[PDB]
Amino acid sequence: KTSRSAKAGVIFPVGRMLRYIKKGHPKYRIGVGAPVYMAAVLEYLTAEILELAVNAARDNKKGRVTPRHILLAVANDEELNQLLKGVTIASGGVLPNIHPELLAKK
Amino acid sequence: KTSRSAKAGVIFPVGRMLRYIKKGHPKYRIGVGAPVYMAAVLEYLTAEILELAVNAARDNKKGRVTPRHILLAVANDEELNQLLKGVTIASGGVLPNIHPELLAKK
Amino acid sequence: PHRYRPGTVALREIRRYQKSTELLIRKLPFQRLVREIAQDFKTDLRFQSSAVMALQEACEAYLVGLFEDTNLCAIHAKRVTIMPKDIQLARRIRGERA
Amino acid sequence: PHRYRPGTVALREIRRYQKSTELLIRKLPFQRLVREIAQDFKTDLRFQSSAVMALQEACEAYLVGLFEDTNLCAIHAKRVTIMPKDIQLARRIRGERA
Amino acid sequence: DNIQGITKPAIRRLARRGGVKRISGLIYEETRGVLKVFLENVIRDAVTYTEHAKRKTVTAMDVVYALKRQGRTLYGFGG
Amino acid sequence: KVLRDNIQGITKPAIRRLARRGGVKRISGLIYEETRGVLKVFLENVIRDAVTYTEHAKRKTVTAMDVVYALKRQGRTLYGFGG
Amino acid sequence: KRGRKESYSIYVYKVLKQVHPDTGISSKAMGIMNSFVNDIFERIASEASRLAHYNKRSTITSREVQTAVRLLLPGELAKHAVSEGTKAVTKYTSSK
Amino acid sequence: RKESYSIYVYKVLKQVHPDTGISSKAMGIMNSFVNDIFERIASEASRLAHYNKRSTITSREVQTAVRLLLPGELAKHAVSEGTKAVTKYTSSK
DNA sequence: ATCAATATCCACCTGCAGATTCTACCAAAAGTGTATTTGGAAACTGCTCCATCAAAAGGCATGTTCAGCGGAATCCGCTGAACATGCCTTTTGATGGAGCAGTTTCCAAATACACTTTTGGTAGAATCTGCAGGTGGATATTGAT
DNA sequence: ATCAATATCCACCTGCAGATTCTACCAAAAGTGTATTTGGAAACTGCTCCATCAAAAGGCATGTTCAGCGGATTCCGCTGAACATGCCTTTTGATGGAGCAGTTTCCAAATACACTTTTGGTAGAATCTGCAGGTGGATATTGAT
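Residue numbers (the deposited numbering), protein chains in the order written: chain C, 814 to 919; chain G, 1014 to 1119; chain A, 438 to 535; chain E, 638 to 735; chain B, 24 to 102; chain F, 220 to 302; chain H, 1427 to 1522; chain D, 1230 to 1322.
Hints are computed from structural coordinates only; laboratory data are not their basis. Fair warning: there could be bad hints in the mix.
Taking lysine-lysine and the DSS-like style, the derived pairs with C-alpha atoms no more than 30 angstroms apart in a straight line are [unchecked claim]: (1) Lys1522/H <-> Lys1440/H; (2) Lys1231/D <-> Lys291/F; (3) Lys1074/G <-> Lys1040/G; (4) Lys1482/H <-> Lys836/C; (5) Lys918/C <-> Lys231/F; (6) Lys259/F <-> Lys279/F.
Computed spacing ranges between beta-carbons, pair by pair [to be verified]: (7) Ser1472/H <-> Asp477/A: 46 to 56 angstroms; (8) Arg1483/H <-> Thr1316/D: 34 to 44 angstroms; (9) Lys1431/H <-> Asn1089/G: 25 to 35 angstroms.
Heads up, incomplete: computed chain F residues facing chain E, CB under 10 angstroms, no partners named [to be verified]: (10) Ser247; (11) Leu249; (12) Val260; (13) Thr273; (14) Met284.
We put the beta carbon where it would ideally sit given N, CA and C, even for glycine.
Please model the complete structure; the sequences and the hints are all you need to start from.
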């Protein structure tokens, strides 16, 4: 057998997602493409954030990505930051940033 | 024939509600308790607002209830105000208010 | 010649508009503004007469609510004049910011 | 006797705490708080360890944000010291003021 | 230039209802920009709906929905 | 045991740390109490919804999903605790 | 053969007159009372189904509606709404 | 037994950079993310397939969803990706 | 400018907790074959949305005059920051026991079709009236002397 | 304080845009027997939550001293408010003309339903390495002299 994932060229589980769509919206029929399309968008997005989190990890001179890296990745990217309004990254931390008025002397 | 709404002791469409509860949340078996509860709750809420809106209408020397009254009614009741964060009552205006920092002087 | 001291009329204007509920933006101009913008998204588009009213209702409401918050910001900075930054701080805290 | 001027250590702290990610509230004192409150709602409850931690994650995040906005407000008033009326303006604009 | 069709007098009237007293002269353009972004966001999502529905006419319900997801709910146009 | 006045567990040192990550350099003295006020409200609300979900599931244990589900109601999504 | 647009109008009107026989409701006003009922209706059934889901239940019942309600309405408002609801389902049952 | 996206998140992780690993904690987060968005999309999908009185969630609904749900640039590259994968699937057999 | 006090940044080391591979059970996808069903397509009616034209009124753009506000500058009171002191309570880690969350097997009570008969609700028409809108005679408010 | 220019409030009248009442078709709720499903009940399991315990150091609390921030105050330059003015254009009301929705009726195309075969995940276990945490010292920032 050949996983639908392979057929469509994705890593994410196409079938597993047709199932998750059903267990969630029973009523509707799911075109054979929807779970496909879904898995493709989700792998895309996850790829995007991993690309940034990895770099973030590497600059930090770390061989393993952590939540703080994912934050900094998402925090510094305008659109991922937008996509994640009201999302709290546990153990994530905050973007360092001091307001100028707080720096002393003259 | 006898209407469930009649047996329920309500004005709101227990029957119709049920139909809606189904058309909207389609993969769920719906107990007859549900549409009845809904009818009763939404009727109360309706009654609730209408009460205050009317007070505002009369308060206004007017015999017909308008959006201006419903808003005044809503914006002045702490709980109705809370329940409707985000709601924008078309043509309801705002609630009369002027910071005292702007006030003339005296 | 009679002449009201500054702020008296404005203070009078506030009381007036917070009493009324009619739109305060010119209808025709607003419509041109909508269709124009809508165009840059999809060509040859029609608008239910009411869908435009809805847009204006929403727009006007949004702005009036924003000025309410902005005014809170001017007052906070010990001013009575709403300046651009007040609008910025306000949208910022709201999570809108751009 | 050496001694940093007022403000030098704070900026030290800020850089410090903005670079890290550990929780800033004592865990046990927080758990008691969570149970005290829950108890005052429904007696005889149990909490998954993770639940308490989920709650603490949520709480600390929440206040760190309220503090960021509170800080915009202080600075907006040409101040560097946050005050209650700062927290209050931020909360109000956020829609919380309930 | 349709935008500017949003006159200073109008903006000022809005702000009055908003309870404002004095108005920096820079406000007007500033208000025009903000409003532009708002209408853009809504109308963009409205249309998306209009199109996914395979329609040529943006109905009131499209706007109501656009509005909804922007977090801004609107009563009075669902009929 | 009897739990009483545990909001005082949110100590001044603590709140300062929270404020430092928040970027604050100076703190009025009336902040610490103001803050516990704000905190007890948010916490009571989250817990209140959470416990509601729990009572609905007919359980005697507040689970992580409960809290998560509760936080989403307040429009705050939490990552790193999902099932 | 043509549109039969359904609404809550008549009902809001009954509830209105039922206690204010000498107080009318404008058109626009009725339109808002409509958006309200629809709005809330949605939130409730929405949460209610959501509730069933968490508890791997295949039925949306009054139980979930009541919980949905507690989670959706403010303090005293929910208090009474629940009373009204449980009181309704009661009478509907203490009969047929 | 309980399922998650980890293996996949991990597969994808290895393609962006072969020499980088991920903490279980960070993996716990990539999971909240996938599950989160997976829901947002599907939920607009029906809320959409519904508004048009339809009884089927198709790639078309999923796509409109995505359009509404994502920021300009992400939205585009996402739509391509899906458009692409569905095309490919519609030829695998 | 110079130096004494401290905190910051960094290259090295290394045991171990926690991340990464490694193995076989088992829900679960991936094939097959009908059974049921959308939803685009062709066909067509009609609710409204648009395009043009033509007024008078209600605004709006403007430009002059200046009140008073925002913002700079100076000053000092006292409140928060820094800090060292004293020691409690939170943390850390291993231990036991059971309350209870999760799973499993099953009987009946509740809902779901498939479907027929009974009106409550909607639409367009007939009848009806609350409040806009104009007048005005009086009181209140604002602003100068 | 006392004018006096203006705005605002209140009493009263009435035609009519709009709310209300009304006369019937008909989609939909209510009624009925049968077929399909569900979730509470109950005995059972092992996972994880509560409570302990003893050690101890990280961290909280308390007091002292004073720097510098916040705010009060004075002052003036000048941006926004108020107002008369000339007048462009939004507003109001009609108006067929056809774009274009919502309706219906038919049917090939595409999930769904129920099984059976095949294997990509998952949990646990065996295996490995990034990095937490201490160690020392050189560097940079701070603050007084």
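Status of the hints after comparison with the structure:
Proximity of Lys1522/H to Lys1440/H is assessed by CA-CA distance (about 24 angstroms); at most 30 angstroms being required, the pair is judged to hold. At roughly 23 angstroms between alpha-carbon atoms, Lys1231/D and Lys291/F fall within 30 angstroms of each other, so this suggested pair holds. A C-alpha spacing of about 50 angstroms is found between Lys1074/G and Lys1040/G, which places the hinted pair above 30 angstroms, so the restraint is violated. About 10 angstroms separates the Cα atoms of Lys1482/H and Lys836/C, which keeps this hinted pair within 30 angstroms; it holds.
Annotation: proposed proximity of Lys918/C to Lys231/F holds, straight-line Cα distance about 28 angstroms (limit 30 angstroms). Between the alpha carbons of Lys259/F and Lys279/F the distance comes to roughly 23 angstroms, so the proposed pair stays at or under 30 angstroms and holds. Checked against the hint of 46 to 56 angstroms, the pair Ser1472/H and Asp477/A fails, with Cβ atoms roughly 34 angstroms apart. Distance hint check: the CB atoms of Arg1483/H and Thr1316/D are about 39 angstroms apart, consistent with the given range 34 to 44 angstroms.
Range check, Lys1431/H to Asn1089/G: Cβ separation about 32 angstroms, and the 25 to 35 angstroms hint holds. Hint status for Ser247/F: holds, given a least beta-carbon distance of 4 angstroms to chain E, under 10 angstroms. Given hint, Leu249/F at the interface with chain E, holds; its Cβ is 5 angstroms from that chain's nearest Cβ, closer than 10 angstroms. For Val260/F, the interface hint holds, the least distance from its beta-carbon to any beta-carbon of chain E being 8 angstroms, beneath 10 angstroms.
Hint status for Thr273/F relative to chain E: holds, with the closest Cβ pair at about 7 angstroms, below 10 angstroms. Given the 10 angstroms rule on beta carbons, the hint for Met284/F holds: about 9 angstroms separates it from the nearest Cβ of chain E.
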